[PDB]
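Each chain you see keeps its place in the complex, though not every chain is here.
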Amino acid sequence: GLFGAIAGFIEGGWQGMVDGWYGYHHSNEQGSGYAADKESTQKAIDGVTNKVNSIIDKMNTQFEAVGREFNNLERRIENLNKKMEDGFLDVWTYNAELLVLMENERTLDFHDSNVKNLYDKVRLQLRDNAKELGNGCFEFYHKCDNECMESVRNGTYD
Amino acid sequence: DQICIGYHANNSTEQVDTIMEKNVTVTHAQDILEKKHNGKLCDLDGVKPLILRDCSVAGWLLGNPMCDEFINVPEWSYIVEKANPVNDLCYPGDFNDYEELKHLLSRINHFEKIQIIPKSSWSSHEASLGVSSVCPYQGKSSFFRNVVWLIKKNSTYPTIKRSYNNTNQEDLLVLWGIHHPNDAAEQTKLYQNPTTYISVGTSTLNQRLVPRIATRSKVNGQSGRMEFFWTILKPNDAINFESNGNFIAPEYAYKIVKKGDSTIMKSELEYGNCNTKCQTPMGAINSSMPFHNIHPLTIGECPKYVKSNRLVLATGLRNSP
């Protein structure tokens, strides 16, 4: 994906993180586990919720067909009426299918972006104090217990 | 000791399309296209449709004797008519400006039928004899119940001069007709006079109908022809009839009590004993989807019609194996 994190340098998702959309896995002497990052998850939830609502709203004023009858010697106007009603239903069908297609791609990339931004936020804190593994993980140089671990998660470190 | 950044996967099988890639599996999705309906005709917000069955709008309004179910109909929400109603125009003919009339109906929810000229109002002409075997009621020769086929009395057709004033607040739909016999003999036989006319006058209408007497194909065993006309008589206006034969005359007319949003939908379905907020010709819709792909012609609080087979938005992220 455009931002290179999802199914890119981070090879796959986490079944064990039931908690939110993005977060951390940690691993040390005391144990290991997952913690959702709630700020970026909620931010992600708001964006996608507004997008869906924007999409639905923007489409609430589509063309509505009206029943309309014509006798045997009004074939030109009947056909005109037909091609007009079908013409609009085609315009709106295309409008709807493409909006979904384009926006689906924007949504996938947005998630990717959020994952990369969160990765970088942690990278910028750790700096020298850890080896960047290449896979979404940082290996610490000096032992890092749960409170140190909590420290990376909330954005305080060193 | 190690900390990692990562994202959610789950057991989702939900798929979305993009421009560059079809069938991407996503952790979460939102389908926005309603594909289902209940396959019945239902009431719209409690208010039952007018279901014509085997009767056409013409057959109903003129009062074809096969259409008695519709002598007096309650306020409707929409009207349903079959593609080819069998009980239309029992005595062959045309209905003048029929589609422009149908168009008025799509903006009307209620008629109240009132008598304008009483059948027992004709002293100089025979009312009770204008009946055909092509319009049967209970095995006997009958006729459109709302118009009176006037025939000569004691071998005479005096000039008719009859007039109706609209003392209703409401608009009134008035219907009349003319008979086109197929030869000179029939003209003599029914109306006595060889050369006839019907003349209709309102404040905006200046009509003079003249019978077109020619030989033509039998339709349902009939060579004659009826041609029906209509007008909307404004409140406080008067309609002036004048004829010396061939006059098919108003008995009943319709008061336009209520104007409501409505349609005449084409459907072969019968009544389903249900209620709904959204009706299509193929079945009713109950959903909170923005779109549906059932049928273009709906009435009610309806989703927008698209021609798609599938409309699914991504919400979650690309789901991994």
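All chains are identified by letter, namely A and B, in their written order; residue positions are counted from 1 within each chain.
In this text, contacts are C-beta pairs under 8 Å (C-beta built on N, C-alpha and C of every residue); 3 or more make two chains touch, one makes a residue touch a chain.
Although the view holds one copy of each protein chain type, the assembly as a whole is A x3, B x3.
As a working rule, only the chains that are shown with their structure count from here on.
Chain A and chain B have CA centres that are 51 Å apart. Touching chain B in their complex are the following residues of chain A: 1, 5-7, 10-15, 17-18, 20-29, 34, 48, 52, 55-56, 59-60, 62, 64-71, 74, 85, 89-90, 92-93, 96-97, 100-105, 107-108, 111-112, 115, 118-119, 122, 130, 133, 135-140, 143-144, 149, 152.
Residue ranges on chain B touching chain A, taken from their complex, read 1-11, 16-20, 24, 26-27, 30, 32, 98-99, 102-103, 106, 263-266, 290-291, 296-298, 304-308, 311-321.
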